[PDB]
Amino acid sequence: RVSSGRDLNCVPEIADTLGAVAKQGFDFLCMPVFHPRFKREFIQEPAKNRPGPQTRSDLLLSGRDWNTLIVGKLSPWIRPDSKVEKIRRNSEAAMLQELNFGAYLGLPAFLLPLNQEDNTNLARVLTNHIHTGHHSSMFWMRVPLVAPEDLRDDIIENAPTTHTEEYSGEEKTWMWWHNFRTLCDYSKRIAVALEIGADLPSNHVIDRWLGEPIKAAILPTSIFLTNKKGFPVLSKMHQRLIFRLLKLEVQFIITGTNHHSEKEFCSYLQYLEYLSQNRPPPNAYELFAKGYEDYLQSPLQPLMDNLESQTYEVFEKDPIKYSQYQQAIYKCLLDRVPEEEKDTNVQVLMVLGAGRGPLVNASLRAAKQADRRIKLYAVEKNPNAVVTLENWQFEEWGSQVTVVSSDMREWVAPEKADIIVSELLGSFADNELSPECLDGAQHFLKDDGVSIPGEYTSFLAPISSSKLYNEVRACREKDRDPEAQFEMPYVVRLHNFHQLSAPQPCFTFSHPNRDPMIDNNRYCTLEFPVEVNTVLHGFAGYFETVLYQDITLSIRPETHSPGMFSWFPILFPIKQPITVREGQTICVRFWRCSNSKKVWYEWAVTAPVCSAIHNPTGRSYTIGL
Amino acid sequence: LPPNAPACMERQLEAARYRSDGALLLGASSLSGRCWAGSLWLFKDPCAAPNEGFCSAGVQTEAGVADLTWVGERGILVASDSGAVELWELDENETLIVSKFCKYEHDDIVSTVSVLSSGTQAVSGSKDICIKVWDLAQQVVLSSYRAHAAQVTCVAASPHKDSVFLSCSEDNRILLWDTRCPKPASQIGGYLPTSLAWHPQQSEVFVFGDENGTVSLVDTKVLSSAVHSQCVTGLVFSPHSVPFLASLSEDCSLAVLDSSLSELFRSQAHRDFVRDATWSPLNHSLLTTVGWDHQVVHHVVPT
Ligand SMILES: NC1N=CNC2C1C=CN2[C@@H]1O[C@H](COc2ccc3cccnc3c2)[C@@H](O)[C@H]1O
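Protein chains in written order, with the UniProt record's numbering: chain A, 13 to 637; chain B, 19 to 207, 212 to 243, 248 to 329.
Source of the hints: derived by calculation from the structure; they are not laboratory data.
A couple of the hints might just be wrong.
[Unchecked claim] Simulated crosslink set (SDA-like; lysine to any residue; CA at most 25 Å straight-line): (1) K95(A) to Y213(B); (2) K201(B) to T173(A); (3) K184(A) to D189(B); (4) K98(A) to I192(B); (5) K179(B) to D165(A); (6) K118(B) to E276(A); (7) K275(A) to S161(B).
[Claimed, not checked] Counterexamples of contact, computed for chain B against chain A with all Cβ distances above 10 Å: (8) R35; (9) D39; (10) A41; (11) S47; (12) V77; (13) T87; (14) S98; (15) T113; (16) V182; (17) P222; (18) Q223; (19) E226; (20) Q256; (21) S285; (22) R292.
[Unchecked claim] What the simulated footprint calls covered on chain A by chain B, stretch by stretch (three residues with Cβ under 8 Å from a Cβ of chain B suffice, anywhere in the stretch; the number is not a length): (23) 67–81; (24) 91–104; (25) 275–285; (26) 338–348.
Note that CB positions come from ideal geometry on N, CA and C, so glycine has one too.
Construct the entire structure; sequences and hints are all you get.
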């Protein structure tokens, strides 16, 4: 249920030691590749000519083992940022030597410590290694939640621990990591092995780290409490954090010696296993989303692309959406039809972008439950989908036509309509061009007609995520602008991210658009209060819509419709990450632009510092009309 | 010709310590090869060491010897990589060596260990940044101190007061300690400290060596001279009335100095790191050193 290995700094017999660990229930072993006290001279004789083998033979395990069961640890004496030159040099050599052995063996990962503030020459040695030969060992930076300095015992008489609350001075180990990964231009091979101490920081720090590439959590034996029966356990505060990490699907590393002696050493693991067993099992949405975690995709364009049969099939499996649509139509019918007109007056209902007919079925269902009479039209421009409709029409209908294949902007209605129903909404509401499509169709709506949906509104929120930043980076393609990938929205189930301020509304559209001119372009300025220091990597997009009166759908996280998987968050990246300091405001500006042929978004950051305007003139991203 | 001892002693010689009667103690780890462990040896004849065949007793430790010391005359206090402190004692005949205890208490390699003047207590320092005090009689830790913010490089008990000791660390702090204060530690004002020696005739004075090969002199109630090209690993004062200062470094050299730190001896006899020194009780011009080149050397020091 949970993947977890064992940290050791002492391995007399690699054969037997790996076996003991396996007996305990562990899945891998973080160990040293050279003896951690075996210190080596690369330059001054005589020590440089130390004879014999520098470490134990690679023959000591299967390549399989090396590839799967072992994690390398950089010897603790290696200090590439030493103030002493000779050390700095022997360190440069030693490090490359150890990392090169780690590559030779095909180690899955290798541990390096961030345990002081200046790791500049260490970053740089590792950057050369990464660009030397061909190898894909992962690099796990051991960084503490709290500096060893900031949880020393207050027992130096003449050097006391600060009893003040320092906001930056207890955030300091994140700047260490930030500075290191920044120097390595965010290499996707460099991740975080986050070490947990007995004291935790404030929850702001804990929010910070999620959104950083944590591949490993490290729990010292020393932080474990004991229960009635004398067994290892953790505080409610430490557990809540473990639960938070399990959600990120990290790996767990038990380090240090056996402090609960009478109770064995495989017991710590069992507590982790126990915790994993006892958390709420995933909901429908969460079960459905498993796999799609932080997976960037292009947002669908049903206006200028014909959707696949199986694309339609999955959207039809959405429980809540069509239930909401049905209900919305039912209320509308009641409001429009008095009881004494039950059979004299029959409503003219038009589904626009009717697809394979899920909104048609909703209308039928509504008609019955409201006990009112309707005359149904189905308008569909996707001919591949029209085949589905006409087969069903032919097999189960024969009542006139109206499965009429046409573009709703093109179509000439035989009569004006009471109600027009559409499911043209995107993850950013107006980004499938619902506005432009319905403005075309508006003329055949009755002077007192109702559109479902009646109105929708898009929402943005600034986000910090070094994982998503890299994901976008890796969308760089040949034969196009090298920074094109930063100038387009992605649909994505955001997972490893941090939301820096609450969502606020961007653009709103009402239907029908009663007034003249009816310009569909917009420019809108938004300001976000930022509670921590952070790094801005882009903006989440969500939406809500009013189908009819109190009937709504919403992907806004706070008001999210329960178990509705038809839409996922959208993402607006920014080319260059913008550092934010606690208390600052983040000011973003968004434009909706259009011409005859295409509609697009431009956006910019104006505070605290300015960004370049993104996607000017839809040069990287457009939506086809 | 070894009795219950091992066939071959590990190549990396770590410690060398004469006792009252002029017998030599040897700690060894193997820091490269299939098998990463450690061994202990008594040489009733110093001159035969390190000959496995010509030893008095020897034994295998589960893992590596980072440091040891004597505990009176029958006792050996050891710092395993395992994170354990081990107490071994010689049998009545002085021909076996037997694990009295081996408690796994540090969360990492135990790197240093000094016996307090009482003899009934010792203090060890580790890479887990924790200093602990042991009662050897009861085989338990009385107190554990996280004074430091980095690896504990070296700890040295007061020769006289049995509640005082020095400690130094990668975090660049030298600490003077008194167990009798509610806050038992005191910082004492560049390059990191690496070795600690108390002066034997002043409760008040001690020498430290830095990672840069400078030896320094201090009484809490600074004089220095750069002795070495690489880090000072070790500092042991001779037994003489006005006593000499043996210093040893990763530069594979041994110096002996006078009270003003003026150099009176030199030996690149060693061809790998020099890891210990210990002066004889039966002779005070006999200095013995051991290093990772496997050489027990017996220097004659002019005075
Ligand atoms: N101008 C137009 N004239 C006629 N028909 C039009 C049109 C524009 C689009 N259509 C049709 O509308 C349907 C879109 O349906 C969904 C279904 C599920 C979705 C889930 C998430 C997001 N968006 C979704 C959109 C398609 O059948 C397409 O042909």
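Consistency of the hints with the structure:
no., hint, result
1, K95(A) to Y213(B), "holds, 7 Å"
2, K201(B) to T173(A), "holds, 12 Å"
3, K184(A) to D189(B), "holds, 17 Å"
4, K98(A) to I192(B), "holds, 23 Å"
5, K179(B) to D165(A), "holds, 24 Å"
6, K118(B) to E276(A), "holds, 22 Å"
7, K275(A) to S161(B), "holds, 23 Å"
8, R35, "holds, 19 Å"
9, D39, "holds, 31 Å"
10, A41, "holds, 27 Å"
11, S47, "violated, 7 Å"
12, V77, "holds, 15 Å"
13, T87, "holds, 18 Å"
14, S98, "violated, 7 Å"
15, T113, "holds, 26 Å"
16, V182, "holds, 14 Å"
17, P222, "holds, 27 Å"
18, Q223, "holds, 27 Å"
19, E226, "holds, 18 Å"
20, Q256, "violated, 6 Å"
21, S285, "holds, 28 Å"
22, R292, "holds, 15 Å"
23, 67–81, "holds (count 4)"
24, 91–104, "holds (count 5)"
25, 275–285, "violated (count 0)"
26, 338–348, "violated (count 0)"
Checked against the numbered hints given earlier, the structure breaks hints 11, 14, 20, 25 and 26 and satisfies all the rest.
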